[PDB]
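For reference, the chain that follows is the form deposited in one PDB entry, supplied as C-alpha cells.
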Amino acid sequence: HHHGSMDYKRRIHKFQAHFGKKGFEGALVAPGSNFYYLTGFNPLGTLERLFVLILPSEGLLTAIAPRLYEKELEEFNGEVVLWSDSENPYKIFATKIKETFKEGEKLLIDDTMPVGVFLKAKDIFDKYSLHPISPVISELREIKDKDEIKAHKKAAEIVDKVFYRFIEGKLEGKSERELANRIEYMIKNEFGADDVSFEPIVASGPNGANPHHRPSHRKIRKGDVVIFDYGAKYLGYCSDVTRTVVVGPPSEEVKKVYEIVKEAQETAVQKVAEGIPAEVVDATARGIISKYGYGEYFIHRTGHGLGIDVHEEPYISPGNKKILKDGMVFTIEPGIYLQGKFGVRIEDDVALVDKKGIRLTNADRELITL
C-alpha cells in the first residue's frame, strides 16, 4: 500500500538507492516528466521562475517554489520552501544546497532544467560535479509498476473507443486538419481523458507516404488510403494508436500492402517476450516486410517505449541489443510507405507482463473500407 495516487515514495527510494550506487549524493529535478514521476503532479509556466526539487541521498524531497504555486504543494509530503517576488530565490537555494550537499560531490541535474535558471545559480553549481539525470532515472521509468501499466491500458481503452465512433461518420470531402480536430475533440469527450498525448495526425492519399507528415488542407476523397495516428493521456500516461483505412473499395496493391503490414505487425507483437532482444522483435516485422520485397520502404523503427512521454525507452530498433523485461511498455508500429502513391502503418501499444507481450490497444486491425 501507499498514500499517494501511485507509489511515489517507493520511486524516490528506488531512485535514491540507484543514484547512490552509481556514486551520486543527490539530484535536482525541474518541472517536467521526472517531476511528474516522483510526485504525481507537474507545475506549468515556470518560465524563468525557480521551481526546483532537491532529492538528498536519504530522507525525502524539498520543493523550493514560487509563492504563487501554494495550493499545488499543500499536501506535499516533504519540505516546501515558498519564495515571494520580493525575495531572491537563489539565496534560499544556496543555503539549502550548502546545508545539504558536502561540496565537490557529484549531483544529478534534470536535463529539462532551463539554462536561464542554471545561470543565476552558477555560484552554487560551480561548487559541484554536475551530471545529467537521464542515464540514471530512465532505468527506473522504463520498468513500469502495476499502477502505471493500468494508466497505459486505461489510455489505450479511450483511444480504442475513439476509433469505433470515428469511423461511423463521413470522412469524404473533409480535410486532414478538420478530421484531426474531430479526433482531438472525441478523445477529450471520453470519461477519464486527461488530454491528448500529442496532436492527432491524419494522412490521406500520397500524403500517407511520409511518416512524419503533419495534417494539411487536403480533402479526403474516394480512392484515398487514410492513416489515423492519435493518443490520449490517462493520469499522465500516454497511448499511441495508428490505424489505416480506405475510401471506396481498395485498389488491389492497397490490399496487398496492407495485408503485409497486418501480418508483420501481429507477428512482431507475438515475438515479444521477457528475455528477447529489442532488435530481434524489430527483425521480425522487418524480415516479413523484406521477404515480400518492401524492405527498402519500411523506413523507421518498429517501435518506441511509452510512458509519461510519448517517446521513451525501450526502442524496438535494428541496432538495439537491450533485452526486453517485465514492465517495459512500447509500440509495435511497422509500416510501408510508397512515395506519391500511399502509406500503411498499424500501431498498437504493448506491455510486457508476466513474461509475454500484452496488447493494450485492441481496435479492429483488419482493413475497413468506407
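Residue numbers count along the first chain shown, from 1. Think of the rigid core as the biggest set of C-alphas that the two forms share within 1.5 Å after superposition. What changes on going to the form deposited in another entry:
- When the two forms are superposed on their rigid core between the two forms, the C-alpha shift of 2 Å or more among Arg165, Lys98, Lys255, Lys150 belongs solely to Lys98.
- Taking 2 Å as the criterion, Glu74 counts as shifted between the two forms: its C-alpha moves by at least this amount when the rigid core is aligned.
- Core-superposed comparison between the two forms: the C-alpha position of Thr112 differs by no less than 2 Å.
- Core-superposed comparison between the two forms: the Cα of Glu184 travels less than 2 Å.
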Given for the second form:
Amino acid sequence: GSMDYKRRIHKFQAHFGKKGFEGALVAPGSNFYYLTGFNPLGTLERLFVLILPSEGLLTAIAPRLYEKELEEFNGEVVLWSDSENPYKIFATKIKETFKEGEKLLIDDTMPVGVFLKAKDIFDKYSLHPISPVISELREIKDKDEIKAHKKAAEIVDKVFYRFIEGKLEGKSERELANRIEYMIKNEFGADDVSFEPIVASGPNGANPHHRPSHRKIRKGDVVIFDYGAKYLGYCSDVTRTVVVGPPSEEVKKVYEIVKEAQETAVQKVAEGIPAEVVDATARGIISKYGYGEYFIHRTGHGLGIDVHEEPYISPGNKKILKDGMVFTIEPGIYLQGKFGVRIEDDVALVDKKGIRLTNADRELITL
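Other form of same protein, the form deposited in another entry, not the form deposited in one PDB entry:
Left out here are the partners and the other molecules; the chain alone remains.
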C-alpha cells in the first residue's frame, strides 16, 4: 500500500494536540495497522506495545523473534527475549511516561491485564478510551484506502459469480460457508476474510443473526449469503439472496421491494445529507409496501480496517455524510418461519457522490 502513516500519526497526535491529551497506548490491532501498516500476527500473553506521546516519534516494544520482519521502523524498536520480563520493560520507559496524573488514551479493543499487571507503575494517570479520537480520522478514508476497498469489493464480486455456478442443493449452510471462505482466500490480493461467511437458508433467512448450521439447502429455499474480503487490510462486505428453483410470487414481491429500497437509498447518498435520511429512504420504501415491521435493523454501517465502524447509517442518527466515508447499504425484509431477503453493497463517498464499490448482479437469480 502506498499510504503514509507519519501524517496519520501527526494529525492523530494533533487531534489531541487539539483536544488536550498527554498519551495514547496501542497494541496489535486495527489502530495499530492503520498507524503503521504492520500487523504482527500471533501475539497474546506476549506483550506488544506502541505508546504515543504528547507529539513526536512513538515507541515500539518487542518481543525479539519479530525483528527480522521489522527490517524498517521509525520510533523504534527495543527487543525482549523469551527470558526477560515485560511490564518491567516499562523501566525507563516506564518513565519517560508523563506527569503523574495527566490524560491517557487506551485501546477499547485490548484486554486489561497487559495493564492490570502494570499497576505500580500504572495507576498514576487519567486514562480514557482511544476510539472517540482516532475514530474520526478512520471514518474519513483517503484515495488509496478507497482503492483498497474497491479492490476488496472486486474479489467478493468475483466470488459471487464463481459460487452460484457451483451446486448448492444438498450441501449444508456450514459447508457452503466454508467453501465461500476458501473461494475468497484462493484469490489475491485477499489477505483474508473480513469475517466468517454467513449462509442462511430457508426460514433461517428470517433471522438476521443467523449463523450457518447443519440444515442442508433444498429446492424451494431462499438462501442469503453474507461475506467479505480484506485487501491491504481493508474490508468488504456483501450480501446477496438467491432462490433454489422457481420462486413464489411472494418471494418475487418481497425481493423487488428490497431491491428498490436499496437502490433508492444508494442513489440518495451524497456529501451533505444526514445518515438517518438515508435510513429513511430505504425504510420508507419497505413501509409504503407494508413490510415496515419486518425490516428489523439499520440500513448499513461503516467499513474500514474493521467490518463495523463509522459512519453508522441508522434511524436515529444525524451525522452528516462526508467525502471519504465508506459504508454498507443493506435493507432487508424478514418473515419469521418463511424466509429473509437482504441485498447489501459497499459504498464510498467520492466527489460529493455515493459510488457503489460492489457491483455483482442485484437481481434475483434462480439456481
